[PDB]
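We have chain A already, so just place chains B and C with the ligands on it with the hints.
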Amino acid sequence: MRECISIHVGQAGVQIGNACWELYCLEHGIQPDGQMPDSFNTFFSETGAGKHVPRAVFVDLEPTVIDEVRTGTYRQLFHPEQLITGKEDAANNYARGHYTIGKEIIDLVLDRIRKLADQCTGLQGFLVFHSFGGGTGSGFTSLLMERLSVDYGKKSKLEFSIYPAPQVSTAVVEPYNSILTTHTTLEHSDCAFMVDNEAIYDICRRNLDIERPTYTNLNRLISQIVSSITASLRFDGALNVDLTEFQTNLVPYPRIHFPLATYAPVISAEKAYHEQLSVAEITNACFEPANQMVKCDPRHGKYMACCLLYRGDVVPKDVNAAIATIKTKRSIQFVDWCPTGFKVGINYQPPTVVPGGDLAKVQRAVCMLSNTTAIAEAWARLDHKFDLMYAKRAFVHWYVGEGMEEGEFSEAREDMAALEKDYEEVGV
Amino acid sequence: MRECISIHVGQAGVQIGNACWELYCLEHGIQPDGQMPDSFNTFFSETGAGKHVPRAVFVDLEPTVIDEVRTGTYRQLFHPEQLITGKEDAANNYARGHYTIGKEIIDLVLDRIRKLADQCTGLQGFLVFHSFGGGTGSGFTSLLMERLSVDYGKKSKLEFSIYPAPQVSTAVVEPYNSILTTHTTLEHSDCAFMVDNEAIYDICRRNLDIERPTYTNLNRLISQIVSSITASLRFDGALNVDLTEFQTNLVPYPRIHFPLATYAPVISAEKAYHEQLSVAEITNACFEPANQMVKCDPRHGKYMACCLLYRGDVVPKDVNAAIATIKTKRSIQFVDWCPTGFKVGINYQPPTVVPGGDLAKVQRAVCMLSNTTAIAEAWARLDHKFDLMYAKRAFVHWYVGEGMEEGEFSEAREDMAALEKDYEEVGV
Amino acid sequence: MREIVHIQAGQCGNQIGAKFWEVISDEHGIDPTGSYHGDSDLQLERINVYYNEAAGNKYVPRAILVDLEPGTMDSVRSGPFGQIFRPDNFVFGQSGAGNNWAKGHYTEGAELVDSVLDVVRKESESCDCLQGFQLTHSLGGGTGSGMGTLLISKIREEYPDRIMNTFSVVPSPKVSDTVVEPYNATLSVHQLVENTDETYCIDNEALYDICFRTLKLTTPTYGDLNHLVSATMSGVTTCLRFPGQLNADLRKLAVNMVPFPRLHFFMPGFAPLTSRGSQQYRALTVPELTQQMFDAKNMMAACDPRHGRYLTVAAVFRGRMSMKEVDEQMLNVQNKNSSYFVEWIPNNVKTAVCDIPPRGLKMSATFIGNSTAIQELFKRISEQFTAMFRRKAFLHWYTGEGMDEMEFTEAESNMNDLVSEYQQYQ
Ligand SMILES: CC(=O)O[C@H]1[C@H]2[C@H]([C@@H]3[C@@H](O)[C@@H]4[C@H]([C@H](C)C[C@]5(O)OC(=O)[C@@](C)(O)[C@]45C)[C@@]3(C)[C@H]1OC(C)=O)[C@@H](O)C(=O)[C@H]1C[C@@H]3O[C@@H]3[C@H](OC(C)=O)[C@]21C
Ligand SMILES: Nc1nc2c(ncn2[C@@H]2O[C@H](COP(=O)(O)CP(=O)(O)OP(=O)(O)O)[C@@H](O)[C@H]2O)c(=O)[nH]1
Ligand SMILES: Nc1nc2c(ncn2[C@@H]2O[C@H](COP(=O)(O)OP(=O)(O)OP(=O)(O)O)[C@@H](O)[C@H]2O)c(=O)[nH]1
Ligand SMILES: Nc1nc2c(ncn2[C@@H]2O[C@H](COP(=O)(O)OP(=O)(O)OP(=O)(O)O)[C@@H](O)[C@H]2O)c(=O)[nH]1
Ligand SMILES: [Mg+2]
Ligand SMILES: [Mg+2]
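Chains as they are written, first to last, in the numbering used here: chain A, 929 to 1356; chain B, 929 to 1356; chain C, 2 to 427.
Take these hints with a grain of salt, some might be off.
[As the list claims (entries may be wrong)] If the Cβ cut is set under 10 Å, some of the chain A residues that face chain B in the computed set are:
{"no.": "1", "residue": "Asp-966"}
{"no.": "2", "residue": "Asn-969"}
{"no.": "3", "residue": "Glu-1198"}
{"no.": "4", "residue": "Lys-1199"}
{"no.": "5", "residue": "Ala-1200"}
{"no.": "6", "residue": "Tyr-1201"}
{"no.": "7", "residue": "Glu-1203"}
{"no.": "8", "residue": "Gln-1204"}
{"no.": "9", "residue": "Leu-1205"}
{"no.": "10", "residue": "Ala-1208"}
{"no.": "11", "residue": "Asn-1212"}
[Claimed, not checked] Taking beta-carbon pairs under 10 Å as the criterion, some of the chain B residues facing chain C (in silico):
{"no.": "12", "residue": "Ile-1012"}
{"no.": "13", "residue": "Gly-1050"}
{"no.": "14", "residue": "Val-1243"}
{"no.": "15", "residue": "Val-1247"}
[To be verified] Chain B regions said to be covered by chain C (calculated; three or more residues, Cβ under 8 Å):
{"no.": "16", "stretch": "979-985"}
{"no.": "17", "stretch": "1160-1173"}
Because the hints were derived from the structure by calculation, they are not lab data. The beta carbon of each residue, even a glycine, is placed where N, CA and C say it ideally should be.
Chain A extracted, bound-state conformation:
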């Protein structure tokens, strides 16, 4: 009755969407053939006789990553005119993904978005998974968001962006892409949650006792976060939220829309036997800085808004008791102009466990979305690296040979300076 269209662009989007759709087809008992041997209408569409096609569009510029989805275990599932592919990749070059390569695929993917948005009645918003450092995951994401904000007006539009780690890095033309993308998407998205690779590496080392995690464990954790967001829409609870609540509750001014996400409890199968995981314990474990999924410290800033999403066997009285005993501690400090700084949601259906994974079975689980002023410090680091690679005009000719003049870098630097000034203003 109320629906959502999920778009995955780029390699990071395709792999996070692989883990997410595996989790979704496991939660509602659906086989990879599409048949289940009714709430799933918020994500699926019934095709004739016991066949469910999902509402997903997978788009990419390189035909190597999608053609492993078309021959994996989910060959039967997605519709063949939804997995759109290009011919040549962006080559970590935002000028290729915005101007030259991306503009022969955008009309076809917008026709598929228009066709999937006519099979609904109560369309609530889109969900776009993408990275920051990559080529198509920045340029094609910003072009897609610009066209969606022109065409679809005042509907919701959330995001999932991969935040670049401070010390750990793969590319070298990365902060160019980050500053250009954050300048261009600053006027079209509605909210955008952040996750960092290095914090999830440290989490899987310290908590889950995994010494060598590959990308499957990281994508499983990201999928757990998206599942905890949308499980207030897929089931019924005592105190429930939907997708148009978050933009009203977490974004005070229309350019501060980067909250960071946290999950709890993340423990192994061994240390779960020796622990009682009540609501006060997991509420306190959400708030200690060794468990954040972005490598920054909330002690170096003040909270502007906090939103908790609970699942399982929780009663609201000790939820209120736990938030009460959180609000007295001095370790945690909230901002002055916001005395009511919480938004509470409680759902009934517990989280399930994907077999072959690394998580254990728990009854209760929390997902936190926090909008804090610590993330300004992270912006500082990225800004500084830009200046170094703009001090000597390094790698600029690759971008200016593909349809971008030199002043765009100055514009992006000025807008990131303005954003750091806005954060400093509302914080200090």
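Leaving out everything else, chains B and C with the ligands in the frame of chain A:
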């Protein structure tokens, strides 16, 4: 509903804790799996469905002693985050435990103490097990007592310390560590019970008729004494004490808090068949010098406070008659400023026997604690040893190369001279 | 029409109050669940002094239980006759006193006394017209002395025109049970000279001596001593509950006993206490009860009553007896040994007779004496105090909680003023 947190530091504290948790699991019927087929609440925390985990923290700087606990038959008992280790031992160097190596651990063990003490509602005090003659057992104990007296304020903090013997010794630099830790812990502990190795060797030689005792027999006797101290909390009795009363009865002046402990009746199964063990017999027999578990002469000093803890099948009338006929004899003489010098506690549950052990089945049991002026003489012996190894500056460079000046030794010997003058002052 | 509420504070007061409610509920004939099953009619017409009607002929006591650790509360609740009380009357803390007077009066009692006084005020609002209160405690520890003292003072500032009794066991001469015992005794007596109407003094040693020389027991527990104390309490208040030929309630005993308002420390006793072997070798006559009352080794406090003189004596007899015999024998035992009685008071003895005896006795008697030789007890507290107060021993545990040394010198001067007033009249 009222609890205690026990911390074990160093090898001697870890092994005494091994015997103590073996005995405490044997008393209340809990198997080493942590499942029994509610008094144990004062020591064990219930975890979900029939699992009781202990309230203990094990910490050492060398990983060869905790690993036997992590692999031996109590593998399934403790929480695996409560068995903390390092990488390099203190090497009998007080400066390596207090200053250099011992500071990479203390934030972790303070976090574990803070995370265990938030699950309590009636927390009554701590119990720290350590020796004197060693490196981490003196340095890490002093630094931990500093942090606990700063953080946790007015709660009672007890210690169980191995006192160095007159003749039997292992290390060569023992009196240095003893003088330094006695200077440092004198301002944060509330009561520290002293036990000796040589007197337990003579008790096992003469009473039990064991001619070659290992460390296991000594740790069984120490566990019996600590169990008799805490049985006033784990059970229900006619005239019962708790953990806060001991300091108010045994500590007249706030720097005389070194009492010595005794247990009775300690016999074999061969002499147990030929004597009736009346309450008057065990009350007169805990007051003889050949049973006192510190190698000293109680006839050469006058008593200041006594505390008797009875367990099993006793009635109060012959208890008071036995104390009355104690105070009529001439050799057992009390001090002038204290006409009332006895504190009595009586419990119901008899002492349990460990299988394969050495103690006999008996119904009545006495624990005695005594605060007397004999132990000043023992202090004098230690100071004389210090003086000889301070006439030639022997072994000092190992200390001063790790972060301790040459002023601390003169300071600590000054405070030992002050404490000797205090004992002689209140005596004469 | 005259109702009494009951407050028990401490460990010793909790045990004695538990045995008291077992004895009283056996005497009036109700089950451990609270249902009435009596065989007479007189067991229910004057039941309003201790119990409340509740919803289908169940009667609950008018008792209030307070302690600083939950151990004795849960031990009293789990035992027999534990389902009688109302569960809102169990008030407790979590901390514990540690046998400090100061930790009971100043540190934890200040947080518990609000809830205790709210329950006392509600039970006092529910009653019609009360006679007074009573409290059971001990003068040797920290919960009993400190918080019973605090509650006594608050109740006197709220209800100043009632009679407030206290049944308090005191420290023993030969052998103690706490090292800081005379400190607690001196400060608590310094408050109880002022703020109470009468106080009954019980020893643990004289109870052991009655249990050894007269009752000829081999193994006495604490249950037997708390039964003796409860027998004396019920014998004191029996004239309120049953009709008698010559009757006397609490205020009558107040008016008769204390000549000057600070001399309200008595010594009680019970009769007949016989063995199981020599039970069938004696009679049941009033001369045997009277000679067993005025006897030195029967007194429940370790003071030799022939070391001074008697001020006033009260005697409460129970059963069906003859008043000529009673009054002739009080005359006989008063002119027999005249040196032990005050010269300037004629006919020292006060007499009362109730009809219905204890459960299982043909006849009984209760003795209450107000004598001068109790000064000996007070002497042996004060000198002990001065020994420790000549050296400031054990003092910093009290001084760390909020007291000064001037309070200790004030309390010693108060107790020596009381010994002076006792030596005045002999
Ligand atoms: C002296 C005597 O026989 O008294 C017994 C009690 C009875 C005591 C009984 O309760 C015994 C007590 C024992 C001496 C001690 C006892 O085992 O421990 C307790 O807690 C007692 C006092 O309740 C126990 C269970 C007994 C035997 C005795 O209580 C005492 C000695 O304090 C008591 O239950 C009665 O019913 C009394 C009724 C008649 O008055 C007589 C007797 O009491 C007296 C003092 O005269 C009783 C038969
Ligand atoms: N007649 C009884 N006297 C008792 C009993 N238990 C203890 N005592 C007496 O109490 C004294 C020991 O301390 P107290 O109980 O008086 C002080 P209390 O325990 O009430 O306070 P806390 O320090 O808060 O525990 C000592 O004189 C004992 O003889 C009992 O069951 N009966
Ligand atoms: N958390 C997570 N990060 C990934 C994953 N795959 C790639 N990344 C990160 O994505 C960034 C690289 O940019 P990509 O998104 O891979 O580039 P692209 O989308 O394939 O587009 P092209 O430039 O055409 O290759 C790096 O920071 C990677 O660490 C993944 O599976 N999980
Ligand atoms: N009763 C008893 N005494 C012990 C035991 N182990 C060592 N001791 C005594 O402790 C002293 C030796 O110093 P240790 O306590 O072993 O030093 P440590 O605590 O291990 O600290 P490190 O120097 O880091 O190894 C000697 O007096 C021993 O008699 C034991 O297991 N039981
Ligand atoms: Mg690619
Ligand atoms: Mg070692």
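* Asked: Which earlier hints turn out false for this structure, listed by number in ascending order?
  -> 1, 2, 12, 16
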